[PDB]
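Asker: Using the sequences and the accompanying hints, generate a full structural model.
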Amino acid sequence: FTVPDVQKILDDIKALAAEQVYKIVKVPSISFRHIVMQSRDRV
Amino acid sequence: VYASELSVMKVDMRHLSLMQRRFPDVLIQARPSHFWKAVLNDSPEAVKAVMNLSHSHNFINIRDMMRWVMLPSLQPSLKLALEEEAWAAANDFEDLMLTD
Amino acid sequence: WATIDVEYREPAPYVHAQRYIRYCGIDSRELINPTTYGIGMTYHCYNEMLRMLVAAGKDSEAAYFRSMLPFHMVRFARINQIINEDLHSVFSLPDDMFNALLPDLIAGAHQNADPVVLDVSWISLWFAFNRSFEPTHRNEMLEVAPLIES
Amino acid sequence: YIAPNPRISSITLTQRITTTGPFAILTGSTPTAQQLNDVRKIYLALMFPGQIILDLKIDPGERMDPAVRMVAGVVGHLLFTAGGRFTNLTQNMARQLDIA
Amino acid sequence: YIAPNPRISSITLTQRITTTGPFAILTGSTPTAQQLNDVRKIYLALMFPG
Amino acid sequence: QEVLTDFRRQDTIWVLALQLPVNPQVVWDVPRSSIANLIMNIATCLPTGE
Amino acid sequence: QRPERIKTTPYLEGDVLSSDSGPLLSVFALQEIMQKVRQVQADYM
Amino acid sequence: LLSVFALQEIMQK
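Chains as they are written, first to last, in PDB author numbering: chain Y, 59 to 101; chain F, 602 to 701; chain D, 452 to 601; chain P, 302 to 401; chain B, 302 to 351; chain A, 252 to 301; chain L, 7 to 51; chain G, 30 to 42.
Hints in this document: simulated from the structure, not taken from any laboratory.
Where a beta carbon is used, it is the ideal one built from N, C-alpha and C, also for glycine.
Treat each hint with caution, since some may be false.
Taking CB as the label site, the calculated pair distances span [what the hints assert, rightly or not]:
hint, chain 1, residue 1, chain 2, residue 2, range
1, D, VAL595, F, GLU695, 44 to 52 Å
2, D, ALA564, A, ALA287, 50 to 58 Å
3, D, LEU598, L, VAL46, 34 to 42 Å
4, L, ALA48, A, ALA287, 33 to 41 Å
5, Y, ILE88, D, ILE490, 16 to 24 Å
Answerer: Written out as structure tokens, the structure is:
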């Protein structure tokens, strides 16, 4: 029999414990892109 | 979880402590309570409630906060290490895309 | 008791009033740049009262007052800020009359600056001890006053 | 006007266990109109050091618990000022507070 | 909360009926709710030494 | 002392019809007046309680 | 706007009881000052 | 109500 004011914050911490920061991907994000301006040699 | 969140808050405050000296032209009127309030506003509310469970009965001020931040005790974790690396990577403000 | 309540720091825009009021030795800068931790906030009379209450066997009252001390100090710090900042005008009392008020009252001599006497009850002190006056906005006609005085 | 935090006098550990204060009956009291006016008088005397001086009101038409006089006598010594530079109260009120 | 065997009080504390004492009077008493709460406070204070 | 505390106290002339520190001897110089003094003391000062 | 009103802990946060201003306290002071002298003159010869 | 010693409390109102 604990006071609900503290029970709520223990429930909040327990829920926060399931947070996921990273992620798993097959390919990395694009870092460099290219622009063409009617030239066959330079971009 | 509680230890990791406290460590992250300590690291954030420790790194934000130097902005007034680094850029005096933008933060001439800046006070420590400003970044203390910012870090409090950008933190989970559960650890804030845990701290308020005692700070509502007892009074603390800026000196206690500074002493607590300067204390050398960190709880290692994934988020803490990644946050420290992120703060180390953003040392130069040209990476943040703002200059004078 | 054993502290300084009046001092002169810089020349004032109004020449007849140069004093600064410091109730129980607290400056306004303590709300921005404290000079001590949360425990270290104290002054002589309150500490003496705490020691007297402990010596008399009333420990619960001493603990209650020790816990309530920072609110007390912050209240008088705000009062000092209000007195020193907003209430500066020609209508404030000049320095010589303020200095001569107390000896005239002690000697009981005739004075032209007779203070106004008001009456309060016993429970009023207890109710006042549990309140703090925090300003929200400034006066509407604060910017127009000097023209009125002129 | 701001009241103090309610947690300063009571800490709850369980539904049926709670610390009690020494002045619990006074903390739960509610002022009337005249008492509020007297509190306003007290603050008005505080904000003007030498120009307004307090005194004691005597009215036989009302009865009170004798503990409130003693509590007020304790409070008045650390609330008011009677130093060697200015005073907030007459000699009679000082003597009454000393007797209390 | 577990109470002991009443016979322990019967053979030792109220051995003779013609004599009355403090323990004999407090033997026949039943706690109320507030006294049970006080006992709980006693036990909580005991569980934390300092 | 609230009659000596208004703001017109600096220009007021007070008059008292009775002097306070009464000499008790004039009370006790009445011939054979012990019982009357005792009765008056009981009637004026004695309290009631439970 | 002011840096003195920033609250960082719930110790200084409490319920609001009443309000006050300039003209209200001015007329209150005048009313009490006149009421005291009127009462003391009415009570005695 | 079993003990005789509890009765005197009732006797003393």
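Asker: Output the numbers, in ascending order, of every earlier hint that fails for this structure.
Answerer: Those not satisfied come down to hint 5.
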